[PDB]
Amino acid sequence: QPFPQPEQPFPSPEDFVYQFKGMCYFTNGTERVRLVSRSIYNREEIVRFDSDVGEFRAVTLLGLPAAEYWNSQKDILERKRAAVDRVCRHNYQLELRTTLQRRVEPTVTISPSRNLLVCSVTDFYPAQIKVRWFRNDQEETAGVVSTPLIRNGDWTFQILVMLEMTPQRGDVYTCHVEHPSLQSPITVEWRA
């Protein structure tokens, strides 16, 4: 039972777009929950309901009729005012036993570039992760270039953490990966 937010009715080729976004913002579990409903014409937000404001507000002059009219209706205001508990807090309960429980462990691989060492940390969820390079248990930090967190779109992430190094005899290079789905951080070594 995931609850949705409804949109209120108003009082090369060219194209016209309308977007409605019923959004929820969660912080510290549920002790800090915020709801923001966004009415969007093309790419311009025109009307908005922020739970911290408690009434409809026109972002631009185009949404000025709607905000005034939607505020006129005590019924519509009162439904929207209770949506934070009814939609956001209610749906976060379903999220706690599904999405927030998803644990996909990352796959860590080291390979020289196509000098430069590439630590590929692929297919992990959630997005929280930390990757550090070590050289003889001495953390390398100045020659490390990390690609941004890549969203694969299939509920998995990946990231590539490069390191430009000078290899000498008897030097081991390890990629240290920490992730919530791991009982202990993964270490992948590399010898030349």
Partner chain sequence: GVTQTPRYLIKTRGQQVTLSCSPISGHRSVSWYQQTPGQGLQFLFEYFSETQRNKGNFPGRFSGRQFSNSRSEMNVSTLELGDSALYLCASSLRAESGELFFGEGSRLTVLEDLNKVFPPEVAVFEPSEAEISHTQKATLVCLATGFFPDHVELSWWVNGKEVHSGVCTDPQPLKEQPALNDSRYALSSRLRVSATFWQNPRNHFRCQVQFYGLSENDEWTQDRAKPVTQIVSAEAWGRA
Contents of the next structure:
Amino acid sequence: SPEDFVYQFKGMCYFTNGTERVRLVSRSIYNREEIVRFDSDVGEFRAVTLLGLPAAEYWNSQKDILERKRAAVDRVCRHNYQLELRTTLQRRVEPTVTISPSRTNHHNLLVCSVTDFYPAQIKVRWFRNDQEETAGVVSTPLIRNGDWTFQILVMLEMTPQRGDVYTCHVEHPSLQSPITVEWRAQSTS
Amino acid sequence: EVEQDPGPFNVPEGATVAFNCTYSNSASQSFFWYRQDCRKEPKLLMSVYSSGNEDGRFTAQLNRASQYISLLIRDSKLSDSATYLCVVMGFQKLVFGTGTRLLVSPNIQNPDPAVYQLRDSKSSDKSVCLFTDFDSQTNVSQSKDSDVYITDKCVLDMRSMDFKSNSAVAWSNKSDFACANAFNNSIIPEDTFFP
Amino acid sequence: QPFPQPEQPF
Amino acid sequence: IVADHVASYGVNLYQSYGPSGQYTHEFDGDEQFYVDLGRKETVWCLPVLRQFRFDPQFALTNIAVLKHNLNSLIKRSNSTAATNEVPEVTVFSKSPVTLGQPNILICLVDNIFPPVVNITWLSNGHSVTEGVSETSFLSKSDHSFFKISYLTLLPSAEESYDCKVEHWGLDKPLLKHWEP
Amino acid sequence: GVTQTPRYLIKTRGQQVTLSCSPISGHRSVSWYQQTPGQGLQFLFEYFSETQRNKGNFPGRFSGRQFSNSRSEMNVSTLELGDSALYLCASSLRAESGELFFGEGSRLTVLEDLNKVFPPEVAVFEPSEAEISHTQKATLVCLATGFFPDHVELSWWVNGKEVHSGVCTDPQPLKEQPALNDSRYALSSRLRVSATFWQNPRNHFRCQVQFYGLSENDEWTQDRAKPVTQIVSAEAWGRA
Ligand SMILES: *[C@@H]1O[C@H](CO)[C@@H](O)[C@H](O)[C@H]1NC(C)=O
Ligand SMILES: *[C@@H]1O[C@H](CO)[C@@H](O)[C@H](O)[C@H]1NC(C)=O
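With the form deposited without its partner chain in hand, show me what the form solved in complex with its partner chain looks like.
Then the entire complex follows, led off by the chain already shown.
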């Protein structure tokens, strides 16, 4: 197996409550060991391991490097957030909501597929005859498709009575009002 | 882990003092000496560098090869009496050493060791004994009778007179007690004068 | 223009 | 670190084995763009971002600094090389399967390190090239990577697929199968 | 610099306490440290941007918080005898700094019982004529006795003005019963002046002991006066 030597540099920005809290963390990484860090809360380079000590001391001795890094939370993070506000943070893709019955016979499982939505924040609930079901609900984790959409499968273990209406109920920032999709038991299982 | 000179430094005024401190974590990034007077708060004294930070009578230096930190106090003054803390900063941990205590004693030029007796201003009869004007080599030993109280040595500095003196105080509620024998529990001088 | 974060040389 | 939003402006990668590098920006875990270092071209992955400008010369300069810095650290680590992690592979569809309706197969290759991987789509043993695309080496907080490959298709009862993943952390090629 | 309140405090086992720290203006990081004989400085918790950034090894009855003006509070919900200590806060401009500016600390004494608390008795002892003859200098002595706990500040005042030249105060009190941990204390101090300066009877010499004892909120059911925070002094004038 060929040997490989890897370097990573990550200029990371953290935002909370709009730009009320903004934090820059610059990370230099050898293979998977973070070795040097610039955290705007700290205001100087810090050696995370011994391998990063010479770089941290050397960069901290360079006044021009320090003041650029210290301004970078505004110059980079806050500047780019204004662009995100007009683009990524405005991205609304409404979820597609689909119910299909399954087994694990007669049907004893319903799968609510909630697909192709953005952003990630979502609330999916199962109702049976207008009463929220809590037991018997199993969800996949939030699934990242990689194309700026997510999906999630929320499953309900069920023993259906003929006439029962099972409702998948989805809340999402793209929606003025929840999506509800109904599955109506046509027989008793 | 931060390890310091593990003992009180008793130093005559004017001597040069060397403090040493070692750290075990090679990744340790920054280094400081703090100064702390008895029962008070620590105060940043200086940052430490490989070149040697120098500031008046104080020099601090770092050796990363040996993982040593040092502080030098030239021409020590009575006011340098404090506990000197080695402080070592690594990734998300700032470690204060336990400190090295430094006690700077005065150079008593013309010792006049005496034991006076002093009377209460407001009240009467109540008296204390003052052992004073001895040289700095003299130790003063606390009593081992629960009736007799002996304080430690104490240096005062009459600044406008450039005069410094050691003293200690003894007192007792007991009628037996007299200033002639108050300090016979501590090496006292044959020169010591008893009016 | 997105503004980015430059790495420093050792 | 807990935050409402996390961005990488950007993710800089350089590795000896190519030698190859990668420059991307990420927002909340998704790829905003990569700079094709060979062509000196900024390639946007979200269409609304195309209104913006990013000088690919910045990416080239940054990666050049990574190259320099990497050599120093190979020397100082005593040529301490990357450990080959075992990647995890999952195949799934973008939307629910309707035989005969356009869909997309998604092959997620997670826990990639080092960032060198082959991802190929198989159908009835033949390699599929048409309708295939993939993301960049997307960063993770433990500094491994993931990568996602896409196969557009019409699902049919008689046609099945494998995602084939080759990585130095694997004993044999890993085939991950999908059937409608 | 850094402001800490209360500067002295007596509590009993099981009680709660809140200490306050105002950092140097502009500083955003506040740290709390506990200082005891024999462990030195122990880190409690660091507070930056109104959240706890780092935490030491203390149990959860020790908690803290930081407000939006960067003022910080420390709380102990249930006090133990071993929590008696100097609680120090330190501020720095940025987080995780090795360069710290400490307040003067909150001296917290935790007792089983407040019946042990006494203010000092203070007496001044006038210079000996033998000293005045033999040295041409005059030593006044001050005795503060019988106080508990060791919450005292002794100062000398000459003609209304506090003096330090010629003064030495014992750095450590003597225990009047050295076996008891709740032993009452004694403290001595000397003020030396020129024989001439003392021989002037216009000159006024005061020894002043600030005692920090019980607060208004503390209950008191003993017969003796409630041993509150108070100043006890003795004075002397000088004779021909
Ligand atoms: C963000 O702001 C909200 C006020 O709407 C507040 O409840 C919350 O505590 C804030 N969070 C942080 C991390 O400041
Ligand atoms: C990817 O495929 C090429 C040729 O098909 C091969 O030479 C290379 O080693 C493969 N990479 C890995 C990581 O297996």
